[PDB]
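Enquirer: Take a look at the letters that make up each chain.
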Amino acid sequence: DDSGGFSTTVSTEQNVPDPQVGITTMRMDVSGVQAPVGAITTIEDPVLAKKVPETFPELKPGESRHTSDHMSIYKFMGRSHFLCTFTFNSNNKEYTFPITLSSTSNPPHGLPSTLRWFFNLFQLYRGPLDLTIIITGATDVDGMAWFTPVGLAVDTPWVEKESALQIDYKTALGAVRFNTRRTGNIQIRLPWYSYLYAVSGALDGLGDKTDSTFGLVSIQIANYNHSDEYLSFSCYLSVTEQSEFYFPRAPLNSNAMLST
Amino acid sequence: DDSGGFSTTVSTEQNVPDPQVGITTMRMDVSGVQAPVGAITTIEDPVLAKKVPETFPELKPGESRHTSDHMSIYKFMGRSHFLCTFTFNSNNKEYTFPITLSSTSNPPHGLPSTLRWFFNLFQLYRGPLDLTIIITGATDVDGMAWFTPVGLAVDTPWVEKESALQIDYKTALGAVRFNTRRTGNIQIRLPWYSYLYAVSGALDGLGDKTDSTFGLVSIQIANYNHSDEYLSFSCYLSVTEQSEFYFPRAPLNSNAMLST
Amino acid sequence: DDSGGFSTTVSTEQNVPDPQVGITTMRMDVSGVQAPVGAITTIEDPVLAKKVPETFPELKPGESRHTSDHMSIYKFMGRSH
Amino acid sequence: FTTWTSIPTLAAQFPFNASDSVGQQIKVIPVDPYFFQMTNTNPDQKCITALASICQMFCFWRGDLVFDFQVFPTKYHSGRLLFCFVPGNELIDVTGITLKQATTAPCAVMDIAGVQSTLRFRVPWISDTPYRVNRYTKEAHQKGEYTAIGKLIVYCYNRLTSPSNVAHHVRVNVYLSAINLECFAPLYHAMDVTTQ
Amino acid sequence: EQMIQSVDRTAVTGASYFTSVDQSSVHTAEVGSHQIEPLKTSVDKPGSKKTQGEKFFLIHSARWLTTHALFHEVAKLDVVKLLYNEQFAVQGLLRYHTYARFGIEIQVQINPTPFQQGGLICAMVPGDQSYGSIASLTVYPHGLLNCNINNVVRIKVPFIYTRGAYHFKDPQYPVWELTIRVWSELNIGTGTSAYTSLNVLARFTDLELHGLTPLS
Amino acid sequence: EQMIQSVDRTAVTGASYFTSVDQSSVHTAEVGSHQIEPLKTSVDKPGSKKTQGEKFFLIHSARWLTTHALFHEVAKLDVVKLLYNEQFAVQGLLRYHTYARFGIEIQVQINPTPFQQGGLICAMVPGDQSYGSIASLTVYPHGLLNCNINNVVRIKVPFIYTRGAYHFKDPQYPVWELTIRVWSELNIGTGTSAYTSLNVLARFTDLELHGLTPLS
Amino acid sequence: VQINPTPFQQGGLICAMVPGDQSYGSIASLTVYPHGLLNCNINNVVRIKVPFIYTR
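Listed in order, the protein sequences are those of chains A, A', A'', C, B, B' and B''. A prime marks a further copy of an entry chain. With the entry's author numbering applied, the first sequence corresponds to residues 3 to 29, 40 to 272, in that order. With the entry's author numbering applied, the second sequence corresponds to residues 3 to 29, 40 to 272, in that order. With the entry's author numbering applied, the third sequence corresponds to residues 3 to 29, 40 to 93, in that order. Quick note on the entry's author numbering: the fourth sequence kicks off at 51 and runs consecutively. Quick note on the entry's author numbering: the fifth sequence kicks off at 5 and runs consecutively. Quick note on the entry's author numbering: the sixth sequence kicks off at 5 and runs consecutively. Quick note on the entry's author numbering: the seventh sequence kicks off at 112 and runs consecutively.
These are computed hints drawn from the structure, not numbers from a lab. Each hint should be verified, as a subset may be incorrect.
[Said to hold, decoys possible] Straight-line alpha carbon distances no greater than 16 Å define the calculated EDC-like cross-link-like pairs of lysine to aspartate or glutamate that follow:
#, chain 1, residue 1, chain 2, residue 2
1, C, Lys-150, B', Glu-90
2, C, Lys-193, B, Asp-174
3, B', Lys-54, B, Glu-212
4, B, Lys-54, A', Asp-167
5, A, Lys-72, B', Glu-41
6, C, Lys-150, B', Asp-210
7, B, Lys-49, B', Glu-41
8, C, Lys-188, A', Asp-167
9, B, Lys-173, C, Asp-143
10, B, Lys-49, B', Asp-210
11, A'', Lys-62, B, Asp-174
12, B, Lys-44, B', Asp-82
13, B', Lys-54, A'', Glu-66
[What the hints assert, rightly or not] Residues from chain B that keep clear of chain A', each with C-beta distances beyond 12 Å, as calculated:
#, residue
14, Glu-41
15, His-72
16, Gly-195
17, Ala-198
18, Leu-202
19, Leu-211
The beta-carbon is built from N, C-alpha and C at its ideal position, and this holds for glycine as well.
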């Protein structure tokens, strides 16, 4: 031991991640003629709690009949889930929304149904995300979207107003330029630009307003509008292969799972 | 025998699938100088009914003069056939239609002409399908379509109304976002997400409302409309190479073949 | 096991017939310098109840002085009653 | 996602009183990963389990559920419980089953006071369909689609004998995990307390 | 130094589904052993699942008349529901289990005099006699009964179902459905019997049984 | 010269006890084959005679009090008659067969607090608790329950009977008879519980079944 | 963590190490964390060893 401790017992590793592949496959019977000693146990001992359970004679389940494994995070959360939606009402306006992992921020100003469930299953998130925005409404509208890391100057979140920034400051952060007649969709990465190791969701105090947000996406539109037509944007998040997840955590209860 | 039976006769396999390739090819004459013993037979014996028929002296048909084989299911039903059509009439509405294989559901609320014929030729269907939707009508209309498996909460089928679901629930199931000015078409797969082995068409009772449907596609539109313009959607189904077909069945009669 | 049972313990045979010939014969001492561990026991365990009893230092009884064995059924009940 | 589903977390809580008769059904459990009944007062919340959080985000489930029954006696209570599994679905008239009739089904007894505290009751997968649907999204019942593979009954096998200077009841915790779990066809759903 | 052995505290016993964890245990006390019979009191093979479940049972008796027209349905019967009855020996295996997976063996028997003429068809239709054609009943596993040729047909089918097993207490829909249609009409002369009797035998094959349950 | 084959007239079919001789026969028509499940809907082993007959069943629940005197008989029960009841899964095998030959596995369980003291005896007596001595119950296959040492005893016995098998519908006399006598009295102090519960588990071993019969 | 019951008492405790915040998660799922169960019949000492888990 490096720390100078001593013990006569054995210390074992508790709750090892990923103990089994969640597809039916083969890595005779499962239980058999031998008497099941794993039926009776002591749960207060972490060594005896790792014993394989059996009580009844069984046999092997066989193999499944679909190729993919739906119980993996990189395939479950590879599906792009809903993030936010908002509408514009006037000309030359600017809207700003952060991607906050915190569970204190309730929707509409926070993570909705499935993303609120997922980012409170674990402690630490580190890596780039994957944003898709969808344009619904007017046509011949020129818009520009850019990405600001946390700790830098930007307009007020969740408020649609005129922009107090200049065009030299917007285009220096990296921006895209679209038109609502040609595309109707933008599939854009979001870089991992932070000064800290990883961001977390389940925090309070001044750690909730610092270590929860990691990035911040804002959109400005021009050439809107003519007489009577609405313009609506909707955002969707997916996860990438460069991202990582650490330290599993107790899931949210049935009163914190909220939606829009 | 495993089940303990006994017999002095021989049990043979009856109605083996795919006995012949339906193209003219070569795998002298077919019948010849030898007397045709296959003209007379007994049809009540399944062993004697497998005898090759001949009664007249013939010769070989030769080879055909087109490459493909039109008598295969994966090339016949690879052509995309008609499924449904519907129109919108107001703003921010939501339409919902299931893909029901049941023959009890008559069209327009069911399978039309060619798809009703095909899914009652066999007993069991297992695998993913292939949906193409076609937009006809207005422009600058933003729409969103998603897929819900059977057994989950969704709006009422075959009814156009306001949506009672939230944006967190829609985008968590996986959705596409289009605009009617840019594309006019979406060619989208439909995953095989069911809790049962396979779905069937020829059922009655409470097995008809459970084991017939496999999936359910619903579409919501926004930014529609300006003053006077219609909007029409039309759906088409194709079959994939991952799909399977089991246990051939007696085909539908001439009074159940119906169309739109 | 044929019947499908299972156990972590050992099942032993209880009350085996004819454990000893009822004539005095030889099949030093019986008990000796070694401490008698068979004095204390547990009668509720059928495995520990098969332990040979001893508590005091003894020696062998020798041999009897009649040929027959009166403790056999086929000689006891061979007499007509 | 097996990191959360293979963790045994608490789902139920029932006492084993000394004032109940032999053969009386103490508690009945529907055998599905969507079962939990615990809740807390301050703050107002409905305590989900780790298995019901992962399985609520799918349409179809499959696998072997492992119930864990942890008793809290002294060294001086003495009794037995009978854990019976009646295969079927979540809606069968199950309260007419007597104690002698319950030994037809696969069951297991448990001596309460001892050096071990937990009995692991791995339920085999018994079904007519290969998978089993998350029907709690719907609001009406339908014959043929179900959520459970049967119900699990707890009986009073022997009475609870004890002295006068100990408490006259023993409480049992029920844990819930899964082995050979398979789920597919994702959705979104937030579960609710099974008020039984 | 001698060691005094004591009785064992913890042990696990049972027979393959009942598990008993004991804090105070003891060894088993067994007398005798298993003996064979050199003069047997029963010379048949002993009972098992094979000789009780896989055995022919009479499930239906109909009668085919000269007044039934063409394509008239002599027998329309669910095969698996009729085998789930108290009067058969397979009930003792099915009353206590929950799910099953099985194959079906059918034998259909008639008895005409050779002064009669006519025909029947005996098709095994899975699930439902739906909107399909009556003239295409030779696509299914079937058998033709002609009064001149034969009087016994026999059919063997595997398990065809949308789920993995069948639930006897609360089924979704019937697995198999036997129909017997008039394929050619029964004609007689003067004085000949205007009827013939019909009988259907059925049995399971490859019977799997899962999940024994207390509630029926 | 070519030979025209015809349908076979005589054939014998059935499953091991039903024999059908047919004067007009035909070959069997089978579609498909037996398929395995690569994704199984049930992961336990399938049902058989071993997992349904050889399994522990609760047959009796008594209670041992401080008012029962010495040599009082807490439980006097016929073992085989109590297993022949509708509520157990072994009834489905025994309702349809006539004779049987079996071994018995007994497990007796009690639960005292360690402030109690006393003892019991649990002997397996074949046939009859006759005029023999109560103090000589340790000659039979037995087990001693002491409140200080253990709380579970288990006994395994072979088939001991004057005939070759046992007839359930009309028996001659009971095969086994379990008795539970008070071997030392139950004593408590002030406030201690004046009772303890008792439970008897029983199962068959090496079950042979002969002569399936229609009448019950 | 150490407790001391007499063997006439009965009950149980849980001792979980939660990083950062006892947030909106479930109380019935405290066996996901590095934890220990204290039963008055079995034991009276549990011991837990955790690494450094932090956002900085």
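Enquirer: None of the hints should be skipped; say for each whether it holds.
Expert: Status of the hints after comparison with the structure:
The straight-line distance between the Cα atoms of C:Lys-150 and B':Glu-90 is roughly 9 Å, inside the 16 Å bound, and the hint therefore holds. With a C-alpha separation of about 8 Å, the suggested pair C:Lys-193 and B:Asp-174 falls inside the 16 Å cut-off, and the hint holds. A threshold of 16 Å between alpha carbons decides the hint, and for B':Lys-54 with B:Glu-212 the separation of about 14 Å falls inside it, so the pair holds. A distance of roughly 50 Å separates the Cα atoms of B:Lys-54 and A':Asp-167; the hinted pair therefore is violated under the 16 Å criterion.
In summary, the hint linking A:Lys-72 to B':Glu-41 is supported, as the alpha carbons are separated by about 10 Å, within the 16 Å threshold. Of the supplied pair hints, the one linking C:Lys-150 and B':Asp-210 is violated, its CA atoms being roughly 22 Å apart against a limit of 16 Å. For the proposed pair B:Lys-49 and B':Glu-41, the alpha carbon gap of about 32 Å is over 16 Å, so the pair is violated. Annotation: proposed proximity of C:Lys-188 to A':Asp-167 holds, straight-line Cα distance about 10 Å (limit 16 Å).
For the given pair, B:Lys-173 sits about 11 Å from C:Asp-143 by alpha-carbon distance, which is consistent with the 16 Å threshold. With a C-alpha separation of about 14 Å, the suggested pair B:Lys-49 and B':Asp-210 falls inside the 16 Å cut-off, and the hint holds. For the proposed pair A'':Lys-62 and B:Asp-174, the alpha carbon gap of about 56 Å is over 16 Å, so the pair is violated. The suggested pairing of B:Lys-44 with B':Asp-82 is violated, with an alpha-carbon distance near 26 Å, which exceeds 16 Å.
Taking the CA atoms of B':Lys-54 and A'':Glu-66, the gap is near 45 Å; set against the 16 Å cutoff, the hint is violated. No beta-carbon of chain A' is positioned within 12 Å of the beta-carbon of B:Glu-41; the least distance is around 23 Å. With 12 Å as the threshold on Cβ separation, the claim that B:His-72 sits away from chain A' holds: the shortest Cβ distance comes to roughly 20 Å. Every beta carbon of chain A' lies more than 12 Å from that of B:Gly-195, the smallest distance being close to 28 Å; the non-interface claim holds.
Non-interface call for B:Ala-198 relative to chain A': holds, since the shortest CB-CB distance, roughly 24 Å, exceeds 12 Å. No beta-carbon of chain A' comes within 12 Å of the beta-carbon of B:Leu-202; the shortest separation is about 17 Å. For B:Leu-211, the shortest C-beta to C-beta distance to chain A' comes to about 8 Å, within the 12 Å cut-off, and the non-interface label is violated.
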